[PDB]
Amino acid sequence: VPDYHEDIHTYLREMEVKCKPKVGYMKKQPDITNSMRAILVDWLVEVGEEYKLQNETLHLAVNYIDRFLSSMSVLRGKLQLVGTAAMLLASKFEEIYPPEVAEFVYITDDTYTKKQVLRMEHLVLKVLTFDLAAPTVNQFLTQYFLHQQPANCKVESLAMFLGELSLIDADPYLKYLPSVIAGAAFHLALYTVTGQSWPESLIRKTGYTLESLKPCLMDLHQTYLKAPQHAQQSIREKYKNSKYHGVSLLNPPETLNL
Amino acid sequence: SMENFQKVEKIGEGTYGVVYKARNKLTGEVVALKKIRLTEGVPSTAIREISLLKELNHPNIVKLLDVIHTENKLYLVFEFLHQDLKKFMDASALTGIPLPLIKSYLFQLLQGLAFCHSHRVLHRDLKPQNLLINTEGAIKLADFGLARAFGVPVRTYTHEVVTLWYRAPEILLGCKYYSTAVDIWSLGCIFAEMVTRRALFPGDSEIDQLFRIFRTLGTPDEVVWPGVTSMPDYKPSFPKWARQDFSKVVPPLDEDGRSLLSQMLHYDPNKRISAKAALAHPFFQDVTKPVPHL
Ligand SMILES: NC(=O)c1ccc(Nc2nc(OCC3CCCCC3)c3nc[nH]c3n2)cc1
Ligand SMILES: [Mg+2]
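These protein sequence lines map, in sequence, to chains A and B. Residue 1 is where the first sequence starts when you use this note's numbering, and the numbers rise one by one after that. Residue 1 is where the second sequence starts when you use this note's numbering, and the numbers rise one by one after that.
I should point out that these hints are in silico values taken from the structure, not numbers from a laboratory. The C-beta atom is built at its ideal place from N, Cα and C for all residues, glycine as well. Warning: the hint list may mix true and false statements.
[Claimed, not checked] Pairs of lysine to any residue, SDA-like flavour, derived with a Cα cap of 25 Å: (1) A/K126 - B/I36; (2) B/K54 - A/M72; (3) B/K176 - A/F145; (4) B/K35 - B/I102; (5) A/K175 - A/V17; (6) B/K35 - A/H122; (7) B/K73 - A/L123; (8) A/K243 - B/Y157; (9) A/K52 - B/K73; (10) B/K10 - B/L38; (11) A/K114 - B/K73; (12) B/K73 - B/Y20; (13) A/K154 - A/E49; (14) A/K52 - B/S44; (15) A/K52 - B/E79; (16) B/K10 - B/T70.
[Unchecked claim] Chain A regions said to be covered by chain B (calculated; three or more residues, Cβ under 8 Å): (17) 4-10; (18) 96-108; (19) 131-137.
Next comes chain B alone, as it looks inside the complex:
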C-alpha cells in the first residue's frame, strides 16, 4: 500500500495520529502522511476529518488526496505545505509580518472558512499551528480532527472545544448553542496576532481567558450582548471593565483594519461578522497575494 512513499521526516502531532513529510517515489509529489495506528476501532476524529475533508475541496483548505486503509494502520495522504503561521510569525520575529501579507492570509483564511461554513462545517480549532502556508503565498486551514458537520439550526455539540487562547466568549460562558461564529473569533484573534505577533488573549484558565477578553473589549452587558447575564457560566460578580479604544488593541492597524477586527470580535455571535461578508470589507480593497520571505 505504502510502497510508493518514502518517509522523509516527522512533521508533528495534531489532534490525533502523527504527521510525516514524505514523497511519492513515482511522481515526485511531496505529501504529508497522517498515520493512525488502529480498543474502539476507527476514532471519531478520523471519521469526521476524512468524511468532511473529502467534501471540502477549496484552494485554502488543505487537501486530502487519498486514504490508504489497512487492518492495523490507516493513512491519510495530504497535500504538503511548507510551514505553519506560528513557525512563520516567530521567524517574522524581527521583520514583522508586513500588512499586505497579513491582509492576504486573512483574505484567504476567510475564503477557506466561508467555504467550510457554506458546507455546514465547523472547524473548531483554528490557531496558528493549524494554518499552513506555502512558498507561493497561499495559506490553508488544516487539522480537521476537531471539525464537525453541523445542522440548521444548530443543536448542542461538544462543549469541550477550541484551544483556549482562541476560544470564543460564548464557549467560555457555556452557551448551549455555538455556531460558525466561534471560528470567526478564532480568526479575529489570529488577525490581531499577525499584527502584534503576540497572542491577543493568552489566558491560563477559563476565568483568566474571560477576564483578559473583558479587559480588552469591556465586560459585556445586556446592552452589548442580549442574553449574557443569564448564561450558565456568567457571574454577577464579574468585574465590569470598561471597553478599550480599539486603536489601542492593535496600534499598527489603520481604520479599516480596526473595523474588520472589531466585527470579528463582536461579543454577540449573531452580530459577529460571517466569513462571507468579511470578504467584501474595505480592509480588502487593495488585497493582492505576496509571496512571503521563506
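With the rest of the complex left out, here is chain A:
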C-alpha cells in the first residue's frame, strides 16, 4: 500500500542502524568462531524447513543471535541453546502458528531441557531489551521487488537465496547493513537471470548506486561462485525446491562487469 511504502522504507533504514550487531564481536568471543556460527545458522535453516517457517523468521532469528553474541560470550556447547531460544522468539514474533516449545527441545536431540530453552528465551529477551522487530534483508528485498518490470519469480527466489547465504558467513557479512546486502542480492539476482542492473528507481528510492554496493557485491558474488563448495549446504538444498523455482541450480555469472 504505497500510501506508506516510503514512510516504512525510511523507518526501516533508521532502525537497521540501531539494530545492527557489533561488527567486531567474534574476535571477542573466547570459545566460538565464525565457523561454529555458520554451522549454527545452517542448522536453523534446516529447522526452518522442518517446520515450514517463514524465511523472515530465520533472518530475525539470526539477527537476534548476532546481537545477543555482540555482548554475551557463550561456550560452544551453549551456542545451540542461544540459537534455539532465538528461533523460538523469532517464531513467536513472526509466525501465525509457531512450533511449540517441545518441538524446539526435540530438534536439539534433547541436548537441552524445556526449562533450559525457556530460561534462555528469557535471557535473550533481556539482552535484547525486548527489541525484536528488527529490519532484515528479507524486508528490504521484498520492497525492492516492487521495482521489477515485470516481476520475475526467478529473480526473487535468487535474491532470497543469496541474501540467505549471507547469514551463513559472519565474515564478511556482519559489516553490511540489511539494506545493502538486499541491494547486492537483488542486483546480483537480476543480472544473473535477466542481464539487467539495479534500476534507477531503486537509486532514487534507497540512494544506493552500483558504486555504493560494489564492496558487498564483490563479497556476495564470491559467495555465490563458491557456494557449491562451502562447508554449509542447507540453503543450497532448500533452494532446489519448486517453491523457490529451483534457483540454487542457476549458474552464477562468471563476471559482474562493474
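Given chain A, put chain B with the ligands in place with the hints provided.
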C-alpha cells in the same frame, strides 16, 4: 521490583494479562500495570506488544513506560488513562457526544493510526473498549496484544482477526492479504458509533456481519470492488441489497462527515482512505480539542 507500586484497583482483562491501576509511591504517577503470569514461555502477544509499543511513541498511542521482567511474572507499566470510549459513550447516554468532541477523537485516532501504519504496524483490534481517553481531552490507541509488524508488501497473516462488529469485509470474505485498511474500517465503525452511539454493524456471526454490512452499503459487485466475487468466502447466492443513501446511515452527520465516513467504509481496501490522507479531510477544518464532561 514492584516495591514502588501500590495496586489500587483492577481495571480489566484484555487480550492477555490483567490490568491494574496503581501509583508509583515515590513519584506520584498513576500507572496501568499489565501483569502476565509466566507451558510455552513468553506469549507471542506479549512479545509483539512490547517490541512494538517500545517503537510506537506518539501522543495518541498509549505509552509503555517500563517492563519489569521476572522469572515467574512479567509486568508492563503503562501510562494510565481514565476511561474507555465505550464506558464514555454509555455515559454520554443522554447528552450524546457533541460533534466537536467526536471530530477531535476521530482526528486524534487517525493521528495515532497514521503513526502505526507509517511504522509498519497493524493494530487489528480497534474497538471502543481499546480506545482510552483522559480528562484533558486526549484519546489513545491501547491493547496492542493483537498487533503485528507487517512487511511491504504484505503477506498472509492471522485470519482470525478483529472483534466481529469492527471487522472488515475483506477479513470476513477470507482475503489472503489484508492490510492497514482493516484498522481504518474499524475506525469508520467507531466514528459512526460516536455519532449514533450504537454499533453500526452488531452481527452475531460472520454471515450475519456480512449481511448487515451489505444491507447498509450495498452488496458489493465487481464494479464497486474488483476481485470480490472470486473471494474464497464470497457466495453467488448472497442477497444483492441496494446501497443506502449515506445520509440515512448516520442522519446527524453533515456533508463532510458523510464523505469522510464513506471513504473510511469503502469496500475496496485499495480505495479505502489511509489515516494519513484523512487528516486533511474538510471534516477536520474546524477541529479543536475540547475536554469531555467527565
Ligand atoms: N472503563 C474503565 O473503567 C477504565 C478503563 C481503562 C482505564 N485506564 C487504562 N486501562 C488500560 O487497560 C484497560 C484494558 C481493559 C480491557 C480492554 C483492554 C484495555 C490501560 N493500558 C494502558 N493504559 C491504560 N489505562 C481506566 C478505567
Ligand atoms: Mg573467537
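Verification of the supplied hints:
Our distance criterion of 25 Å between C-alpha atoms is met by A/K126 and B/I36, whose separation comes to about 16 Å. For the hint linking B/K54 to A/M72, the alpha-carbon distance of about 23 Å falls within 25 Å, and the restraint holds. Between B/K176 and A/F145, the direct Cα distance comes to roughly 19 Å. Compliance with the 25 Å bound is thereby established for this hinted pair. Pair hint B/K35 plus B/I102 does not hold up; C-alpha atoms about 32 Å apart against a cutoff of 25 Å.
At most 25 Å may separate the alpha-carbon atoms for a hinted pair to count; A/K175 and A/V17 meet this at roughly 11 Å. Annotation: proposed proximity of B/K35 to A/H122 holds, straight-line Cα distance about 16 Å (limit 25 Å). Pair hint B/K73 plus A/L123 holds up; C-alpha atoms about 14 Å apart against a cutoff of 25 Å. Distance check on the hinted pair: A/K243 and B/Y157 sit about 19 Å apart at the alpha-carbon level, within 25 Å; holds.
At most 25 Å may separate the alpha-carbon atoms for a hinted pair to count; A/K52 and B/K73 exceed this at roughly 32 Å. Restraint check: the Cα-Cα separation between B/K10 and B/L38 comes to about 19 Å, which is no more than 25 Å; the hinted pair holds. Simply put, A/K114 and B/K73 have alpha-carbon atoms about 18 Å apart, close enough for the 25 Å limit, and the pair holds. A threshold of 25 Å between alpha carbons decides the hint, and for B/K73 with B/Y20 the separation of about 14 Å falls inside it, so the pair holds.
Of the supplied pair hints, the one linking A/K154 and A/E49 holds, its CA atoms being roughly 20 Å apart against a limit of 25 Å. A distance of roughly 18 Å separates the Cα atoms of A/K52 and B/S44; the hinted pair therefore holds under the 25 Å criterion. Simply put, A/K52 and B/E79 have alpha-carbon atoms about 39 Å apart, too far for the 25 Å limit, and the pair is violated. Restraint check for B/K10 and B/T70: satisfied, since their Cα atoms lie roughly 20 Å apart, inside the 25 Å limit.
Coverage of a stretch by a chain is defined here by at least three residues with a beta carbon nearer than 8 Å to that chain's beta carbons; for the stretch 4-10 of chain A and chain B the count is 5, and the condition holds. Interface restraint, the stretch 96-108 of chain A with chain B: holds (4 residues with C-beta to C-beta distance below 8 Å; minimum three). For the stretch 131-137 of chain A, the stated coverage by chain B is satisfied: 3 residues place a CB nearer than 8 Å to a CB of that chain, which reaches the threshold of 3.
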